[PDB]
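K.L.:
Single-letter residue listing:
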Amino acid sequence: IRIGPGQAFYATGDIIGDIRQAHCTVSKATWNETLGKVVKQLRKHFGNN
Amino acid sequence: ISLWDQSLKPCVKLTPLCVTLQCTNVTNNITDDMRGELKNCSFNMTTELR
Amino acid sequence: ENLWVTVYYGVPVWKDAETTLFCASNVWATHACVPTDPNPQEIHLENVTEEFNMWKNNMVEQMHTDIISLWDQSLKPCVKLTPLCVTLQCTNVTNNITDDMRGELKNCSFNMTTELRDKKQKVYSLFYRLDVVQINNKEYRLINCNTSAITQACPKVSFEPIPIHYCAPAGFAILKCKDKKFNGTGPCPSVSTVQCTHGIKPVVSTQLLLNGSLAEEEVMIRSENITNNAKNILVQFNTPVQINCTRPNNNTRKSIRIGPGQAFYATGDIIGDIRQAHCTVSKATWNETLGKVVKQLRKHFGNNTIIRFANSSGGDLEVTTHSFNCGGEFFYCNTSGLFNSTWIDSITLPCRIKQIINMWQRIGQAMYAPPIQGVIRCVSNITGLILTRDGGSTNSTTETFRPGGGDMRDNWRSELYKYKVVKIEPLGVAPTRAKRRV
Amino acid sequence: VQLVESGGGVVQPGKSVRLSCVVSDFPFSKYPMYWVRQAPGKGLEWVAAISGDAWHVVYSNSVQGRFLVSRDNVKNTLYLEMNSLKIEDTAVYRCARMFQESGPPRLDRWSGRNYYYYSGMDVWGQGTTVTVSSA
Amino acid sequence: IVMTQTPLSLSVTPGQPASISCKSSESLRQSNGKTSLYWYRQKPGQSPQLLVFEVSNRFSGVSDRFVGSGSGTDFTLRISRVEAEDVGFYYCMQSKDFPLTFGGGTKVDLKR
Amino acid sequence: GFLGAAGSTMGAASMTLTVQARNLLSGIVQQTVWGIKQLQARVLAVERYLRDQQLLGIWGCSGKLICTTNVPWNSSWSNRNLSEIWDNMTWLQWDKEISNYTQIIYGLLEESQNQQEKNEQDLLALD
Amino acid sequence: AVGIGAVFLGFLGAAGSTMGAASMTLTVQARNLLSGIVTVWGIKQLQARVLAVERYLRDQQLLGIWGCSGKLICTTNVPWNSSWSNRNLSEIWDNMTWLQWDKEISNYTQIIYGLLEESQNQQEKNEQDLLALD
Amino acid sequence: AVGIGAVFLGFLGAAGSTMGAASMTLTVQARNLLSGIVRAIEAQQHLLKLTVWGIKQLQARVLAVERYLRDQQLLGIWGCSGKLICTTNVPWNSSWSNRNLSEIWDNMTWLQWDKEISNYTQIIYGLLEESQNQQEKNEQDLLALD
Ligand SMILES: *[C@@H]1O[C@H](CO[C@@H]2O[C@@H](C)[C@@H](O)[C@@H](O)[C@@H]2O)[C@@H](O[C@@H]2O[C@H](CO)[C@@H](O[C@@H]3O[C@H](CO[C@H]4O[C@H](CO)[C@@H](O)[C@H](O)[C@@H]4O[C@@H]4O[C@H](CO)[C@@H](O)[C@H](O)[C@H]4NC(C)=O)[C@@H](O)[C@H](O[C@H]4O[C@H](CO)[C@@H](O[C@@H]5O[C@H](CO)[C@@H](O)[C@H](O)[C@H]5NC(C)=O)[C@H](O)[C@@H]4O[C@@H]4O[C@H](CO)[C@@H](O[C@@H]5O[C@H](CO)[C@H](O)[C@H](O)[C@H]5O)[C@H](O)[C@H]4NC(C)=O)[C@@H]3O)[C@H](O)[C@H]2NC(C)=O)[C@H](O)[C@H]1NC(C)=O
Ligand SMILES: *[C@@H]1O[C@H](CO[C@@H]2O[C@@H](C)[C@@H](O)[C@@H](O)[C@@H]2O)[C@@H](O[C@@H]2O[C@H](CO)[C@@H](O[C@@H]3O[C@H](CO[C@H]4O[C@H](CO[C@@H]5O[C@H](CO)[C@@H](O[C@@H]6O[C@H](CO)[C@H](O)[C@H](O)[C@H]6O)[C@H](O)[C@H]5NC(C)=O)[C@@H](O)[C@H](O)[C@@H]4O[C@@H]4O[C@H](CO)[C@@H](O[C@@H]5O[C@H](CO)[C@H](O)[C@H](O)[C@H]5O)[C@H](O)[C@H]4NC(C)=O)[C@@H](O)[C@H](O[C@H]4O[C@H](CO)[C@@H](O)[C@H](O)[C@@H]4O)[C@@H]3O)[C@H](O)[C@H]2NC(C)=O)[C@H](O)[C@H]1NC(C)=O
Ligand SMILES: *[C@@H]1O[C@H](CO)[C@@H](O[C@@H]2O[C@H](CO)[C@@H](O[C@@H]3O[C@H](CO[C@H]4O[C@H](CO)[C@@H](O)[C@H](O[C@H]5O[C@H](CO)[C@@H](O)[C@H](O)[C@@H]5O)[C@@H]4O)[C@@H](O)[C@H](O[C@H]4O[C@H](CO)[C@@H](O)[C@H](O)[C@@H]4O[C@H]4O[C@H](CO)[C@@H](O)[C@H](O)[C@@H]4O)[C@@H]3O)[C@H](O)[C@H]2NC(C)=O)[C@H](O)[C@H]1NC(C)=O
Ligand SMILES: *[C@@H]1O[C@H](CO)[C@@H](O[C@@H]2O[C@H](CO)[C@@H](O[C@@H]3O[C@H](CO)[C@@H](O)[C@H](O)[C@@H]3O)[C@H](O)[C@H]2NC(C)=O)[C@H](O)[C@H]1NC(C)=O
Ligand SMILES: *[C@@H]1O[C@H](CO)[C@@H](O[C@@H]2O[C@H](CO)[C@@H](O)[C@H](O)[C@H]2NC(C)=O)[C@H](O)[C@H]1NC(C)=O
Ligand SMILES: *[C@@H]1O[C@H](CO)[C@@H](O[C@@H]2O[C@H](CO)[C@@H](O)[C@H](O)[C@H]2NC(C)=O)[C@H](O)[C@H]1NC(C)=O
Ligand SMILES: *[C@@H]1O[C@H](CO)[C@@H](O[C@@H]2O[C@H](CO)[C@@H](O)[C@H](O)[C@H]2NC(C)=O)[C@H](O)[C@H]1NC(C)=O
Ligand SMILES: *[C@@H]1O[C@H](CO)[C@@H](O[C@@H]2O[C@H](CO)[C@@H](O)[C@H](O)[C@H]2NC(C)=O)[C@H](O)[C@H]1NC(C)=O
Ligand SMILES: *[C@@H]1O[C@H](CO)[C@@H](O[C@@H]2O[C@H](CO)[C@@H](O)[C@H](O)[C@H]2NC(C)=O)[C@H](O)[C@H]1NC(C)=O
Ligand SMILES: *[C@@H]1O[C@H](CO)[C@@H](O)[C@H](O)[C@H]1NC(C)=O
Ligand SMILES: *[C@@H]1O[C@H](CO)[C@@H](O)[C@H](O)[C@H]1NC(C)=O
Ligand SMILES: *[C@@H]1O[C@H](CO)[C@@H](O)[C@H](O)[C@H]1NC(C)=O
Ligand SMILES: *[C@@H]1O[C@H](CO)[C@@H](O)[C@H](O)[C@H]1NC(C)=O
Ligand SMILES: *[C@@H]1O[C@H](CO)[C@@H](O)[C@H](O)[C@H]1NC(C)=O
Ligand SMILES: *[C@@H]1O[C@H](CO)[C@@H](O)[C@H](O)[C@H]1NC(C)=O
Ligand SMILES: *[C@@H]1O[C@H](CO)[C@@H](O)[C@H](O)[C@H]1NC(C)=O
Ligand SMILES: *[C@@H]1O[C@H](CO)[C@@H](O)[C@H](O)[C@H]1NC(C)=O
Ligand SMILES: *[C@@H]1O[C@H](CO)[C@@H](O)[C@H](O)[C@H]1NC(C)=O
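Protein chains in written order, with the deposited numbering: chain A, 307 to 309, 312 to 323, 323A, 324 to 356; chain B, 109 to 143, 152 to 166; chain C, 32 to 56, 67 to 143, 152 to 185, 187, 189 to 309, 312 to 323, 323A, 324 to 396, 412 to 505; chain D, 2 to 52, 52A, 53 to 82, 82A to 82C, 83 to 100, 100A to 100R, 101 to 114; chain E, 2 to 27, 27A to 27E, 28 to 108; chain F, 521 to 551, 569 to 664; chain G, 512 to 549, 569 to 664; chain H, 512 to 549, 557 to 664.
Be aware that one or more of the hints could be misleading.
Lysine-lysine pairs mimicking DSS-like chemistry, simulated, CA-CA at most 27 angstroms apart [as the list claims (entries may be wrong)]: (1) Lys601(F) <-> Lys601(G); (2) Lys121(B) <-> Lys121(C); (3) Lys601(G) <-> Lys601(H).
From chain E, some residues computed to sit far from chain G (all C-beta separations above 10 angstroms) [what the hints assert, rightly or not]: (4) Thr7; (5) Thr14; (6) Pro15; (7) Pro18; (8) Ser52; (9) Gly57; (10) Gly66; (11) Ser67; (12) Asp70; (13) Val78.
In short, the hints are calculated from the structure, not lab data. Quick reminder that beta carbons are idealized off the backbone N, C-alpha and C, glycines included.
The following block holds chain A by itself, in its conformation from the complex:
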């Protein structure tokens, strides 16, 4: 949409179909193994127990 001399604006139209929700998706077990390695290194400087 033009708004001024040499000026225009970009407005949002419409959406086909549904209205959904954006999101993210990862693995699970690699996360667990990663945090296991993390706490393995973490026990090297704090109280292990």
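With chain A fixed as given, assemble chains B, C, D, E, F, G and H with the ligands onto it according to the hints.
P.N.:
Just chains B, C, D, E, F, G and H with the ligands now, kept in the frame of chain A:
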């Protein structure tokens, strides 16, 4: 920061947007978890003619 | 045998590269650059041949960049004019008029604000119909309002072209051919080396070569691939051709405030009968020069085909009529009468004027000029032409040639064709039979 | 141009041979040479490549510890050797030439390190094949 | 550095344009200022013959139906006027880094 | 003359280069948008002259303009006979015949400069 | 599509070696002082180039004022004062790197500079014009 | 708690002295053509990129470098490069003065001598350039007969 400032110079200032917004909700074929996000609003604004 | 090496200093070596050049000695020029030198400097050499490739050296490209940069450097402290896209109610003028200038001038009144935020005022002036478009009695707007906005020209610094030398930095050189019968390209056999160039005047032109240089021997014709029409055709004359151009009318200009430190220059009332501004050339020298051109064309053409001239292809007013900068102002003069000739005392050149000027193909700008009060003459020479070639003929009959080429680059190729930048390396090595005594 | 690929045969595992490749019609001291490999009923495979002046040499990922290649600029003749063979090393062995003429080396003034430059090929000869067998 | 042919193979008919791709796995913009993708074709029982070097530059002594195309993302080919002499296998080849790699195989024939 | 020995043989223009040398012993003597270019031009001139004076000053050849050194000329770079070079070839042709081996020649001159001339001088100083 | 064919020394390769042995690679550094080129970015390019020019001219001026200009390493006539170190001539040349020696003497620099300037002026140039006349 | 101590010659330490004695502080006097601030300038050397002011500082530094190059190059044209003083082979023109040396070397200073001889300049430059050219290479070419 300098290059990011160098980017935003020649573009368009958006001063006529601070106006009042008459609004309504969105209905058509919506997932109920997304209720509240989108809003259909309208207003007055000038064209290239003054 | 025992062969050892000597290092030599100061040995003439060409290297073929390109660097950045140097200023020499108004909007175009500077109020401050380096002063020139009165002494020439040029040494003829011998037994050196080299092909000088035209259409390739970016000295044209550097000049193009620099001219557009200085043009933008001009309008920086000038004044914005964004409240001018207000609506225009207009009416017509039918007083002290010649019947060929009917409907041009437009008496248009409009509201426009003062320096007080509470106070506007009635404002009316006279405009050209060429720069005014119709919105829909009937109300109009300007052409610039659905595109780039416009500024007022700072009316203090003139437009006159100045001879500009280019120079090279130290340790560098400029090579220059000497063939009077030089082609577009080819190995030039005669070498002249200079440090700086000659004076160059950067005239904006759309169809001709005003105030240009002159060829020595005869008309010579420049293009790369004559068989193809994808290139243009560059043609230079031998002797100059006179042309006068003038504005007849008694120009006046008022002055209307806009805001704080802002003053628009509108149109004042004109006194006297109104005629059309126009131009005039000779005819006999024109006929002779065109006979020379028809003579020179048929070397690389059919010697017994037909050569015809016609109007241009039409379309944009940038490429339709010839445009130039007499009187600090831009004129639109159709030259359809010059090309009413086929082959095998004066001429009237009526013109058009616009107040609002769109420059180079970048549509993100817009420029405006105020009127100059009074009566203006202008005299100039004519030195060469730009032509095209059509395509689709049935084996060398009915050849029609037209002018085109809406670019400023070939205007500067047509000067800097002689030139090429060469780097200097004064250090070399070679072997010998001598020895190094400890 | 003349370029042959001699040297067919058949062997059991655990041998040592010598291969030849005769060239003509180019100034042999300038060019690099390759060695490609084509399995039966299959595509192609690169093996080895010798430098232009016969001082640099690279191998494939397999035979680093097996092969040896050398250039005779005098006789204009390539010599290849393949040792400690396997039956599954049966393929087409060809002796082909880089297209682009390489030049002299480059010496940077930053820790020397003379560099070379290579590119692909244009000309293949007919070929040969040694089938490493068992019986 | 690996490299794939795209697609596998195709039977073609005359009076038709052609286009054969070869997907990269890197971008091989050489410091000399180009990309090292070559094509060369063989025929059955015969030796290969060089098709096109310099990405888009026809080899010397080759009919005008053969040019090159593409940049460091992925590449294609360009053949008009399909003729029975243009059958065999067409291979794309990396010549940037050691070790080299090759196109798999493009079976090209007529249609019955 | 200013680059007057252009279309000559190397052995032909082998005597009058001293007049060229005195005439090439000048350039700074006898003296906004464009000023940026002027600054860059001055920078380029200074950098080139310092490049040349550095490369002179590293070797033993930084006094006179012709000199001798202690490197045997290897026959791998060229193979042309001596009179063939000095009487049948220009400078540009010799340039294109040598402009791949230049850096190695520089490095050999550098090593000949360092070795057997300064630490050798240092051992010669001890009596 | 390249190979590597190393011949000569590294840039600052000899820095971990001993002084009397690492004295033979001094060429490479001065070979590599004024290269690397071999809106805001060109601004700082020119900034860097100017800084390089300034340091190189500074050190060549310090060379030129002394009578050890143009050439590489040389001699003088200033006898050593033992108030700075007191080694016995083997521990430095055979048992010490350069960063060690630099941290040993980095308080006595300006005095040594001034005394070399003193002996370079005095009894060398007025003495020359004494010798330039009977 | 800062205390001062021993002394040296110093900058401009002999501008009001006898020339035959003041001729020996040339080193300290000539060191500071490229310095005088020999101190954390580097930060403002860095961050002054988007203004005209560092551009003018760049102007100043480049101009100073060029002045040093002009002086050293003009000395380098003569055969007296890399030295402090040199004798030459141009005979003095006694038209220019006829004072004895015992007044110049004992009871005359440098600015006095400057105000005296300030018009004989370019003649001396040309004669020095001539003797550095004539027979300094021509008879040296004739001395190159080995
Ligand atoms: C120095 O160095 C350099 C380098 O280096 C540089 O620099 C430095 C500084 C550093 O930096 C570095 O790094 C750098 O790089 C060097 O250079 C070199 O040179 C050389 C020469 O020698 C070269 O080589 C060549 O190559 C070619 C290719 O390439 C080219 O081309 C392309 C395209 O065009 C391009 O791209 C490129 O570039 C090139 O070009 C060039 O380049 C250059 C460079 O720069 C430049 O300068 C120039 O200018 C350019 N040019 C143009 C034009 O462009 C290739 O190809 C070639 O080869 C060919 O040739 C040859 C010669 O002739 C031959 O041989 C012959 O053979 C025959 C046969 O029979 C015989 O007879 C004769 O005798 C012989 N001769 C002799 C002499 O030997 C060959 O063989 C070839 O030929 C061909 O072949 C083929 C085969 O195949 C054929 O084909 C065929 O055909 C048929 C028909 O047609 C059918 O079809 C069939 O199928 C087919 O196959 C053909 O034919 C033939 N031809 C004809 C004509 O015939 C060459 O070799 C290179 O390149 C370079 N390098 C680079 C890198 O580049 C130098 O040298 C050094 N030194 C000095 C002293 O300087
Ligand atoms: C002048 O100039 C010239 C030229 O120069 C050149 O050029 C220039 C431009 C530049 O570039 C430069 O640089 C160059 O150089 C010169 O010449 C030169 O010289 C020098 C001296 O004088 C030399 O040096 C030498 O070197 C050598 C080397 O060697 C190598 O090799 C070896 C072995 O050998 C082999 O053997 C085998 C067995 O027999 C054989 O095989 C066979 O063969 C035959 C014939 O051929 C047949 O075919 C059969 O079949 C077969 O089997 C072969 O062949 C051979 N080869 C040869 C080559 O010879 C060894 O041992 C050694 O070690 C060496 O090796 C090598 O190495 C390299 C390096 O390292 C390598 O590379 C590598 O690569 C990889 C991949 O990439 C990676 O990279 C790595 O890292 C690397 O390393 C390779 O591989 C290898 N190869 C082989 C094969 O192995 C040497 O040896 C010598 O030494 C000797 O002697 C000594 C004395 O003392 C002793 O001690 C020792 O022990 C020894 O013996 C020397 O050093 C050079 O080379 C040259 N050059 C050329 C090019 O050649 C001249 O000199 C001048 N002049 C003057 C006066 O100076
Ligand atoms: C190809 O090249 C040719 C060759 O150069 C070009 O031809 C030139 O064209 C330009 C215009 O494009 C001509 O310049 C203008 O000429 C005007 C003529 O005015 C005459 O009358 C006035 C009285 O009103 C006289 O004063 C003039 O006197 C001139 O000549 C004498 C003697 O030579 C000189 O002593 C004078 O100094 C004058 O030069 C003329 O007889 C002229 O008025 C005009 O000058 C105005 O503009 C400049 C701009 O800075 C002012 O400095 C100047 O004071 C004038 O401005 C006054 O008037 C305006 C309003 O009119 C006010 O706004 C100002 O404040 C001020 O009051 C300018 O000089 C040029 O003469 C002509 N060349 C020749 C040789 O004739 C072609 O144009 C070129 N081709 C193309 C396409 O451009
Ligand atoms: C430059 O622009 C055009 C194109 O050449 C010129 O207009 C042309 O003028 C001639 C002269 O009148 C016209 O010829 C006759 O015109 C009448 C009415 O237009 C027509 O009824 C006749 O049959 C005959 O065509 C010609 O048509 C006209 N062409 C166009 C396209 O308008 C114009 O005159 C030139 N500009 C100036 C200032 O002269
Ligand atoms: C957009 O402009 C309209 C036009 O004047 C304005 O809304 C008017 O408000 C007055 C005062 O309440 C009413 O009397 C009119 O009937 C309204 N007109 C319309 C068309 O709504 C107001 O300036 C803006 N209105 C909105 C909703 O943005
Ligand atoms: C300038 O502004 C004035 C208002 O201050 C306009 O005057 C009236 O405008 C209304 C609506 O625009 C009309 O209905 C009246 O007929 C106008 N009266 C008069 C006396 O003009 C005026 O029209 C404006 N003029 C322009 C050219 O914009
Ligand atoms: C800005 O002005 C008008 C829109 O009012 C456009 O003019 C059109 O031009 C085309 C071709 O010149 C004609 O076919 C249309 O009839 C014109 N429209 C009107 C309403 O007159 C003009 O193109 C606009 N500029 C841009 C860049 O869109
Ligand atoms: C100049 O342009 C012409 C076309 O105007 C080019 O001519 C082509 O020539 C080839 C072989 O000679 C033909 O196969 C093409 O059909 C021609 N083109 C056309 C459109 O017919 C010519 O190559 C160009 N270059 C020159 C003469 O150097
Ligand atoms: C070149 O100019 C001529 C006349 O100056 C134009 O010819 C006129 O074209 C219009 C448009 O169709 C006709 O209505 C007129 O009758 C023509 N008059 C004459 C005398 O020919 C011609 O159109 C112009 N060329 C282009 C491409 O517009
Ligand atoms: C924690 O326990 C582990 C083994 O159980 C042992 O190796 C480690 O030293 C202990 N660290 C601390 C901080 O107690
Ligand atoms: C002269 O120019 C024409 C037009 O391009 C063409 O014949 C050729 O390029 C030139 N002639 C020669 C012999 O190079
Ligand atoms: C053109 O102008 C010149 C100078 O003003 C004049 O001498 C000549 O008569 C004019 N010619 C015409 C046709 O107006
Ligand atoms: C025909 O063309 C040739 C050049 O190709 C020219 O010499 C000759 O004079 C021409 N014929 C006529 C009648 O002009
Ligand atoms: C020396 O040059 C002559 C010709 O000038 C040539 O015939 C001869 O082969 C050359 N000999 C050597 C050893 O280079
Ligand atoms: C140096 O001399 C002293 C006495 O002069 C002696 O005790 C010491 O061992 C010597 N050290 C070396 C390394 O020669
Ligand atoms: C002038 O200076 C000299 C040394 O610089 C000094 O001996 C003398 O006393 C000074 N003159 C006066 C009047 O103090
Ligand atoms: C120089 O000294 C001599 C010897 O006493 C004397 O004759 C002459 O007049 C003196 N000239 C000047 C200018 O002092
Ligand atoms: C300079 O000093 C000397 C010795 O004291 C004296 O003879 C001479 O007259 C003085 N010069 C002037 C101009 O007084």
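K.L.:
Hint by hint, say whether it matches the structure.
P.N.:
These are the hints, each one checked on the structure:
Pair hint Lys601(F) plus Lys601(G) holds up; C-alpha atoms about 14 angstroms apart against a cutoff of 27 angstroms. At roughly 16 angstroms between alpha-carbon atoms, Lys121(B) and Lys121(C) fall within 27 angstroms of each other, so this suggested pair holds. Annotation: proposed proximity of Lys601(G) to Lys601(H) holds, straight-line Cα distance about 13 angstroms (limit 27 angstroms). Residue placement check: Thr7(E) keeps its beta carbon more than 10 angstroms from all beta carbons of chain G (closest about 24 angstroms).
Every beta carbon of chain G lies more than 10 angstroms from that of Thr14(E), the smallest distance being close to 39 angstroms; the non-interface claim holds. Every beta carbon of chain G lies more than 10 angstroms from that of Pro15(E), the smallest distance being close to 39 angstroms; the non-interface claim holds. No Cβ of chain G comes within 10 angstroms of the Cβ of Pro18(E); the nearest lies about 33 angstroms off, and the non-interface call holds. Residue placement check: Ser52(E) keeps its beta carbon more than 10 angstroms from all beta carbons of chain G (closest about 20 angstroms).
At the 10 angstroms boundary, the C-beta of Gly57(E) stays outside the reach of chain G, the nearest C-beta of that chain being 25 angstroms off. Every CB of chain G lies more than 10 angstroms from the CB of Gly66(E), the least distance being 19 angstroms, so the non-interface label holds. Non-interface call for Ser67(E) relative to chain G: holds, since the shortest CB-CB distance, roughly 19 angstroms, exceeds 10 angstroms. No Cβ of chain G approaches the Cβ of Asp70(E) within 10 angstroms, the least distance being about 21 angstroms, so the stated non-interface status holds.
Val78(E), annotated as away from the interface, keeps every beta carbon of chain G farther than 10 angstroms; the closest lies near 34 angstroms.
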